[PDB]
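Colleague: Could you build all of it, start to finish, from the sequences and the hints given here?
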Amino acid sequence: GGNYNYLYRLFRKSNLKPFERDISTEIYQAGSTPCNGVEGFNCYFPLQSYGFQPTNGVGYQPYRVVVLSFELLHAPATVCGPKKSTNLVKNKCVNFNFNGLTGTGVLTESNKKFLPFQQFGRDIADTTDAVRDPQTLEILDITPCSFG
Amino acid sequence: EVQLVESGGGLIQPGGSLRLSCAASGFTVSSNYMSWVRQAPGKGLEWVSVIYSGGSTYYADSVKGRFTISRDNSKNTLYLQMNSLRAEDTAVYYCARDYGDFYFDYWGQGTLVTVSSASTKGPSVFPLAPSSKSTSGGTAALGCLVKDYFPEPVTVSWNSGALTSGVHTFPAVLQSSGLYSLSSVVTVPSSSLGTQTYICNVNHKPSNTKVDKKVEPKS
Amino acid sequence: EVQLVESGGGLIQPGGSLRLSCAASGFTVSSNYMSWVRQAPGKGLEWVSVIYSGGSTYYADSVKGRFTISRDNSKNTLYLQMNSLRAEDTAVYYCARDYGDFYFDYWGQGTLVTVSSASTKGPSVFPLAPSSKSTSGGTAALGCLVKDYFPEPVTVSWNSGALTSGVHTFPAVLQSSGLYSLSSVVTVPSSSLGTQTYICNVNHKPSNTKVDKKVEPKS
Amino acid sequence: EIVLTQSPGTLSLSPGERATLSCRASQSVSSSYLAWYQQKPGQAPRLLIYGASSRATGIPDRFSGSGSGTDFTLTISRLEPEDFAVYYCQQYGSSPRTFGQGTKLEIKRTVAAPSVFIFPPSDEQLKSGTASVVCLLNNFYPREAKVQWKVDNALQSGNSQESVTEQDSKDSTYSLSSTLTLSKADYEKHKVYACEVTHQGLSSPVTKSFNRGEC
Ligand SMILES: *[C@@H]1O[C@H](CO)[C@@H](O[C@@H]2O[C@H](CO)[C@@H](O)[C@H](O)[C@H]2NC(C)=O)[C@H](O)[C@H]1NC(C)=O
Numbered sequence: 446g447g448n449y450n451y452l453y454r455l456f457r458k459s460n461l462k463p464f465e466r467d468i469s470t471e472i473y474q475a476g477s478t479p480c481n482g483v484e485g486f487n488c489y490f491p492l493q494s495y496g497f498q499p500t501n502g503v504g505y506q507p508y509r510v511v512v513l514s515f516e517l518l519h520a521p522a523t524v525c526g527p528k529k530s531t532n533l534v535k536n537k538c539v540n541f542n543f544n545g546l547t548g549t550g551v552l553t554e555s556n557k558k559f560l561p562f563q564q565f566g567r568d569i570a571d572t573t574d575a576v577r578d579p580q581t582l583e584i585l586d587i588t589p590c591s592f593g
Numbered sequence: 001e002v003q004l005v006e007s008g009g010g011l012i013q014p015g016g017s018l019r020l021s022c023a024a025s026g027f028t029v030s031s032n033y034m035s036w037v038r039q040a041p042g043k044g045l046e047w048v049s050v051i052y053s054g055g056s057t058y059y060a061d062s063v064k065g066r067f068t069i070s071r072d073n074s075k076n077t078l079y080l081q082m083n084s085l086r087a088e089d090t091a092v093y094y095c096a097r098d099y100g101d102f103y104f105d106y107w108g109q110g111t112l113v114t115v116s117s118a119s120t121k122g123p124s125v126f127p128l129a130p131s132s133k134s135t136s137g138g139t140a141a142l143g144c145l146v147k148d149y150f151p152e153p154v155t156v157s158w159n160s161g162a163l164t165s166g167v168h169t170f171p172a173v174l175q176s177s178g179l180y181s182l183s184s185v186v187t188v189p190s191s192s193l194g195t196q197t198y199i200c201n202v203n204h205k206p207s208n209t210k211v212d213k214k215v216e217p218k219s
Numbered sequence: 001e002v003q004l005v006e007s008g009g010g011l012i013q014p015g016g017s018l019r020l021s022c023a024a025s026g027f028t029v030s031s032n033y034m035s036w037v038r039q040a041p042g043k044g045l046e047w048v049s050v051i052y053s054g055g056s057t058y059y060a061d062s063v064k065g066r067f068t069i070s071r072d073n074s075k076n077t078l079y080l081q082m083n084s085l086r087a088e089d090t091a092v093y094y095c096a097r098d099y100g101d102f103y104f105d106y107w108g109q110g111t112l113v114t115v116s117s118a119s120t121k122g123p124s125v126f127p128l129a130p131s132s133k134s135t136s137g138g139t140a141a142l143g144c145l146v147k148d149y150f151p152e153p154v155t156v157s158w159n160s161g162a163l164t165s166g167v168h169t170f171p172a173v174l175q176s177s178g179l180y181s182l183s184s185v186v187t188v189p190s191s192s193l194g195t196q197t198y199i200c201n202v203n204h205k206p207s208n209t210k211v212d213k214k215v216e217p218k219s
Numbered sequence: 001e002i003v004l005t006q007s008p009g010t011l012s013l014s015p016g017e018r019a020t021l022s023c024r025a026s027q028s029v030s031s032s033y034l035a036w037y038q039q040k041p042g043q044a045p046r047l048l049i050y051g052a053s054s055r056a057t058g059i060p061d062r063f064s065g066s067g068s069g070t071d072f073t074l075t076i077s078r079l080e081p082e083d084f085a086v087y088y089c090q091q092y093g094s095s096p097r098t099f100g101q102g103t104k105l106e107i108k109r110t111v112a113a114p115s116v117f118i119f120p121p122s123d124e125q126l127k128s129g130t131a132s133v134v135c136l137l138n139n140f141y142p143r144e145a146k147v148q149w150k151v152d153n154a155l156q157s158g159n160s161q162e163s164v165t166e167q168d169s170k171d172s173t174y175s176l177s178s179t180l181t182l183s184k185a186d187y188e189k190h191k192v193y194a195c196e197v198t199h200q201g202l203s204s205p206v207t208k209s210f211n212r213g214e215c
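For the protein sequence lines, the chains are A, H, G and L, in the order given. Residues are numbered in the authors' numbering as their position in the first sequence, beginning at 1, plus a constant of 445. The second sequence: position 63 = 63 (the authors' numbering), numbered continuously. The third sequence: position 178 = 178 (the authors' numbering), numbered continuously. The fourth sequence: position 193 = 193 (the authors' numbering), numbered continuously.
Worth flagging that the hints you see were computed from the coordinates, not collected in a lab. One or more hints might be untrue.
Distance condition first, Cα-Cα at most 30 angstroms in a straight line; then the derived BS3-like pairs of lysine-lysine [said to hold, decoys possible]:
{"hint": "1", "chain 1": "A", "residue 1": "462", "chain 2": "H", "residue 2": "213"}
{"hint": "2", "chain 1": "H", "residue 1": "43", "chain 2": "H", "residue 2": "121"}
{"hint": "3", "chain 1": "L", "residue 1": "127", "chain 2": "H", "residue 2": "205"}
{"hint": "4", "chain 1": "G", "residue 1": "213", "chain 2": "G", "residue 2": "121"}
{"hint": "5", "chain 1": "L", "residue 1": "108", "chain 2": "H", "residue 2": "213"}
{"hint": "6", "chain 1": "H", "residue 1": "205", "chain 2": "H", "residue 2": "75"}
{"hint": "7", "chain 1": "H", "residue 1": "218", "chain 2": "L", "residue 2": "127"}
Modeller: This is how it looks when you write it as structure tokens:
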């Protein structure tokens, strides 16, 4: 029977700027004489419907289209991709990264209590000595691995 | 909606270049598509090029890199500038108003594109007298033979366009020499062999030849 | 080893450009040298250019920066493209097969290079009748005068090439008007003044003129 | 593949009857995206019908196109005689707009024999040095006419040219002109020039002839 509910404009005076949009449909005059806002000669409807049928040849098939258009410029990015999370050991001098905090040492279960917006703890003389695991939200102490 | 006159074509040596013009009238020539189509004289119809109302153009693959179309909507005049002319692009061409689906609804008049060959020569005219070997009963035939010319469009009228009865111009013939030739004949009552005026008016439009020749019975 | 036909030359206005062609036959045209040599019509022989079997080219000093030679060994066709044509390079030219020491052993046929001048005009023909002032005893002479033409190579035959006895075409003469002229005459027994056919066949090859003129005793 | 191929290529009929023809593609086309055209010889070609469904204005309704896919027909319900022309099919479904080759439409007016007439060369031309000998065949239905030149009863081959007129809009006949070209020299070597016309309306062929140099 067919799907003729999908249409396209086929007339305009000029081309488009990138991602311009027009929904306004008016009787497209090539007459040079005004035609009352009514149809007829050299004033035509600017839109055209698609004539679809299941027995159409290849290329005459409905192809659903999606495009991507990205934003960067200045300001602080709002979007972000995914993230990997191997696993957390314990009691094995390790090389760790906690969402930005890069370090080395032995990780151990803690018994301190941060406030529920604090990520890591610091010592006097300003060295990172505790962190909070982002996924499970538990505090872990960071001790250096042995030297001497 | 009276429109699409064509002009410009004719005798041109190969390797040259020509801008044709198809002017229209009574129409907004900017806000539509136009097109060009050829017609080989022994063959069918073959599309040449299109323009858009936005202004995008397309061409045939053979004429790629050679032919440029343009228009002036201030003077409503389409311009087909053809370049690097080869001796197979010898068709008559038609400007065509275009609609929508790329139907060519309104059509031009036509103009001949003829590649260089034997240059342009004028016709030689003889009168073919009415004779008893052409006479039969009530009527007898007389005519004019116009031969040896290259520039294809040539015309012969009878008595400045007066006689339309029996006047029949036969298709021109292309000789081995490369030049055309034709003969136009008209029948007229045998009682009227020499009585009235029968002068063939030969006009050659690519050149400027105009000669009137009278045909009278044989001496 | 039958080879080296030439073609292409003729009437050309100065400032133009022309590629000549010398095709050969029955020979590996790649694995040798060829050459070009001119012959001024009043003067001697002057070498133009050479190519190598490897492909290196050389030229005369006067034609430096002007003339380009080339070849297609797929079609065995030498190409002399001459450019920026001056009105002293008016010689006849010869393609020449070359050997070794640069001997030009095998030779072409020749083709005329004629710079623009008076353009190309067709000949005007008159028959010079046999007369008693030309008659003496057993024989009398008659001929054809073909005059006022620019495009130097022109030919007049007698009776489509039939008579070879007494037929003598004299060298064309170059008038002050800039056009050539000549006259070809043949003697024939005075008993045979009008008796047989004596029609001079005039052919002009740069143009396409072909006219047969009969010569008869004076009225 | 997109190539338009006519069914017959020509049709010779009698007016007042239902005309039907088709144009065949070289593949199945996307749905009804084709058209028809007609060409009047010596005139501009004109619109026939868009989309193989309905025709535009300026055209009456005696005509109907149908079909789907490779086959696509055109039917004229009754033969108007003034509609005799060359008729084209045109597509716009494919990415080029290809054409066909046309179909000839005409009539077969009752068998009519030609008036024949032979013209000797004019004295002006024999000065120039060449002789054209024209033979005319006037009005005639079957165009399949034969023109045999004979010079002193020798059938002449390869020095003649013919041309023929378009079928006449009034009486639906044809007319034909054959020209024999000789040199003055060769012309003056023979006596009888004859033109023998064969045609279906003639029970036996007609020869018109003259004798060079007889007023
Ligand atoms: C992060 O995702 C994990 C699942 O991958 C959430 O985890 C589980 O937490 C419940 C809480 O009772 C436990 O019973 C399950 O044993 C846990 N499963 C796993 C696979 O760990 C966790 O709650 C999420 N945290 C945040 C802040 O989103």
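Colleague: Which of the listed hints are broken here?
Modeller: Hints 1, 5 are the ones this structure does not satisfy, whereas the remaining hints hold.
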